[PDB]
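Take a look at this single chain, the form deposited in one PDB entry, given in structure tokens.
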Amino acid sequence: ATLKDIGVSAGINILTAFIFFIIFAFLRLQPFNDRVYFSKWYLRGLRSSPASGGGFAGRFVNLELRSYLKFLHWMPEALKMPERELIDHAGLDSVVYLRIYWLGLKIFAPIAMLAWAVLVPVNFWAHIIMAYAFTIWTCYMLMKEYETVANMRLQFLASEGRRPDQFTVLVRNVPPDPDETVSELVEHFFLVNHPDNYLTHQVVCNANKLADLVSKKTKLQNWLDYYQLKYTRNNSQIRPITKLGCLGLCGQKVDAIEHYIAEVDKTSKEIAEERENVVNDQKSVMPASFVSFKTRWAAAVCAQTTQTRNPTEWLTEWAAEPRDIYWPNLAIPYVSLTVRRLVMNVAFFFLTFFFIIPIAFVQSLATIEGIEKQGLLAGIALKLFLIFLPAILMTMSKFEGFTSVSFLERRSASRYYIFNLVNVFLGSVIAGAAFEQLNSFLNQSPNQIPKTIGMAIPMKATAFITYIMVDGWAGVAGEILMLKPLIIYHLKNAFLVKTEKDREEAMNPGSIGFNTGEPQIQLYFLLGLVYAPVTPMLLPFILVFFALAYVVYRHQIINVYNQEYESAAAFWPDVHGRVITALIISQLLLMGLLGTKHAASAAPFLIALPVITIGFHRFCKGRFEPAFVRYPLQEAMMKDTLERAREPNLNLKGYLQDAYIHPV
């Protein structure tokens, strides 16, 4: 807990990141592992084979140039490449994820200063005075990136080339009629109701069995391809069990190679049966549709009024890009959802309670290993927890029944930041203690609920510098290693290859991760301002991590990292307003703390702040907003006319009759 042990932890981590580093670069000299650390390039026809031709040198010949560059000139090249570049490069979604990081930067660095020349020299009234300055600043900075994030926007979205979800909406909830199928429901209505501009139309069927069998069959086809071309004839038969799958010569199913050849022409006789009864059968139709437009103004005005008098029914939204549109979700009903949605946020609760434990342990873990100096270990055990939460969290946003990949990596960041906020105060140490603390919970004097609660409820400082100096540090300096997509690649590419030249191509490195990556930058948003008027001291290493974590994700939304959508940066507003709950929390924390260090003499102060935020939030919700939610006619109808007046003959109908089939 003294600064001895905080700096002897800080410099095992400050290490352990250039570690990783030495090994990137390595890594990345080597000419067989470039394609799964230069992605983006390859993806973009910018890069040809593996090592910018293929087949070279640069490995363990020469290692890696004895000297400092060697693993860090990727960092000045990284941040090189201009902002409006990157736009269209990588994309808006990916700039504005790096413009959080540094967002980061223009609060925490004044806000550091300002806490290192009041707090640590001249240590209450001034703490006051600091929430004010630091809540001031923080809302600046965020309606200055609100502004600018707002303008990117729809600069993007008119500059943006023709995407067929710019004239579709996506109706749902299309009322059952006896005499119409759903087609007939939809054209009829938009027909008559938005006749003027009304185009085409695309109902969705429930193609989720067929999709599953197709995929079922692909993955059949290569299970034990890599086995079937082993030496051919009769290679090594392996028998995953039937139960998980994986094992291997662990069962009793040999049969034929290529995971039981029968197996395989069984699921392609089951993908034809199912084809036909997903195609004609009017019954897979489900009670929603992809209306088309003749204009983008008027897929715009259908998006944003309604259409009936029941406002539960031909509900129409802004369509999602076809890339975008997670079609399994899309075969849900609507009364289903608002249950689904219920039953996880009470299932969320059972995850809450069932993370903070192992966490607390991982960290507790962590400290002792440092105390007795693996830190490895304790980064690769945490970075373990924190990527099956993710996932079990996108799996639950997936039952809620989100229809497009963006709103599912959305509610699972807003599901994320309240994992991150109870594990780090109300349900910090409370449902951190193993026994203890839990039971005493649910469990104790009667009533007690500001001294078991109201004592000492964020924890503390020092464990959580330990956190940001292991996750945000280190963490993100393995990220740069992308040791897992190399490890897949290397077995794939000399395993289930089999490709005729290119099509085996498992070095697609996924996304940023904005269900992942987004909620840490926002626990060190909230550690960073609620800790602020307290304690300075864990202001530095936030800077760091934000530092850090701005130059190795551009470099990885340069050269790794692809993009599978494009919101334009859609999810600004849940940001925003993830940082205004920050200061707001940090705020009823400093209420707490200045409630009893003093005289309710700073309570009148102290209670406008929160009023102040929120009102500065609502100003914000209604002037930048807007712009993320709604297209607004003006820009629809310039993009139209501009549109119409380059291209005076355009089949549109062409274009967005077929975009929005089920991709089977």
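Residue numbers count along the first chain shown, from 1. Note that the rigid core is defined as the largest set of C-alphas that superpose within 1.5 Å between two forms. Compared with the form deposited in another entry:
- Here the rigid core is superposed between the two forms, and of 91, 478, 322, 432 the C-alpha of 432 is the only one to shift by 2 Å or more.
- The two forms, fitted on the rigid core, differ between the two forms by 2 Å or more at the CA of residue 487.
- In this overlay on the rigid core, residue 268 has a C-alpha that sits less than 2 Å away from its partner position between the two forms.
- Relative to the superposed core, residue 577 shifts its CA atom by less than 2 Å between the two forms.
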The other form holds:
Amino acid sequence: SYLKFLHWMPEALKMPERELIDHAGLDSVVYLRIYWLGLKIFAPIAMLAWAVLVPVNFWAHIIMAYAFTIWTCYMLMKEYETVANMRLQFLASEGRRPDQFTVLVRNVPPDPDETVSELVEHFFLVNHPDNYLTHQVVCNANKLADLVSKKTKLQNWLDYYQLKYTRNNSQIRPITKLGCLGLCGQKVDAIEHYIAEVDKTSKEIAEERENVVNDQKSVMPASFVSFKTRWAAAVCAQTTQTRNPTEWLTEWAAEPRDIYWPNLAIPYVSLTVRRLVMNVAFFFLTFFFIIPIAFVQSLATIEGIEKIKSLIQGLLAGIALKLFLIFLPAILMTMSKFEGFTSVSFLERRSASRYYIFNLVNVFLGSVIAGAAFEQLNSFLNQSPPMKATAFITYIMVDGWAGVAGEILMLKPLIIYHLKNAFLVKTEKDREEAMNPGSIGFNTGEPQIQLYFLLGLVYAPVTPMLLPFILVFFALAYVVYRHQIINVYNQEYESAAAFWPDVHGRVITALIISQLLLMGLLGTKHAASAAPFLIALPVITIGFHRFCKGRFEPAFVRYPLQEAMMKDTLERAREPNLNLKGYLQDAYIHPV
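Condition change, the form deposited in one PDB entry to the form deposited in another entry:
Since only the chain itself is given, any partners or molecules it might have are not part of what comes next.
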């Protein structure tokens, strides 16, 4: 009810900030701070765009430009500070995690007389003698995991179809091989997913289990060398280990509860080849989506012609793309995993980066217009063998405002169940219920924010109306998402705001893009005294970015050796008698 809504409202309001840092985490609290920065950049600039623009509506547009960029950059520095400080304070007042002591030594050189392990020990007992504790060679246990997951799949799927009414429960027969027979199959068989399957999978689990342990081919050329101190691991992580820059490549290891175990099986040789392939694939996907949008937009216009109304048209063009990009986030994740990164963090951050480039092109610069122009060129060939502010106003009304409305409705898992019903073999699915929240969304939420930053900063000097709408999104997001951060959303890895460097870059990108585009609208004709004015702005922005990347980014990309020593000494004093070998040895073998 309205009352209940208002109540969750100031309930989420009555919690402090540092209490949330321990209640929810740092990742979540600085992600909530992105919306806050937005409200602290697009609010003052709206006040100025309603005093210089509308009343006096141009050298004032270029003056507004400067003022807007200054405030944006001022606030970005201030927030970089708070987030960097929070990260370093949190890092200190944390707990004990194995990663703090271990490093992944990728690409261990070939040895025709030793196992990878022997070689690793030798190397790290002569190179880091007083601190090397233990090494855990990583094995290719993706096969074991697949069978294990299949076993549970089988069991769960037909636990429903063996206990529904027991006895000879519905002996269904789906496609044994979709390539061979279409529709369904003829294996009525028995219950428990044709029990022989559960049995043979358990037998193959045992099979792989055997091989994995005793084969010396499962273990990849890598290990997770661990050290006695945080200080020592920090040293190893930020130090070159050998003459060959390809072999013995040590980097900070991540939380074991974050390691993407599947990708700890790809050679360092194949990585580069894969990278190229995945690169060009993203390119195609970009241009591709441009076209369905255009065509379905055209459909809408035709329907309207055949049949306020303009607002309705706008909102309908605004959806279509919505379902389309739902399909999109879905994928940006699989593409990163094909490149071959070994940690959830980087995979999620990769997706957000890739999302950015998409949303640049397809959704602002290079969208509707250019794609359709190329299509017209192609149609001519057949025959002879800042976009629109208004449209973005509709996107805010939908995308942003709709997002927060459905977030609070938590109707997202209901729609997941509805897609389950769209797949409907019968009317339902399996007895497996994967409903764990997961992360708030850096692979989804963050791209949204940065795209709205583009829209806002780009159209602020031009149209003074996107700002009021963009602002309300930021405000709503804060309150509804905070409520979730305290009430519903949990976490899956703690990187401690290591993504802020990335966020910063995208706001800086927005700024530069905005200025480059304003040098086009206010460059042609206008004045030859306004163009040089707008030519300095990008340079100033890059300057600020570089300053902030040298004053605040090190807090996210480097672990101060002093901070490590402090943590070590304090923990070695509070708990004078503690063993590390136990906590470290058994943490980096596959979870099989």
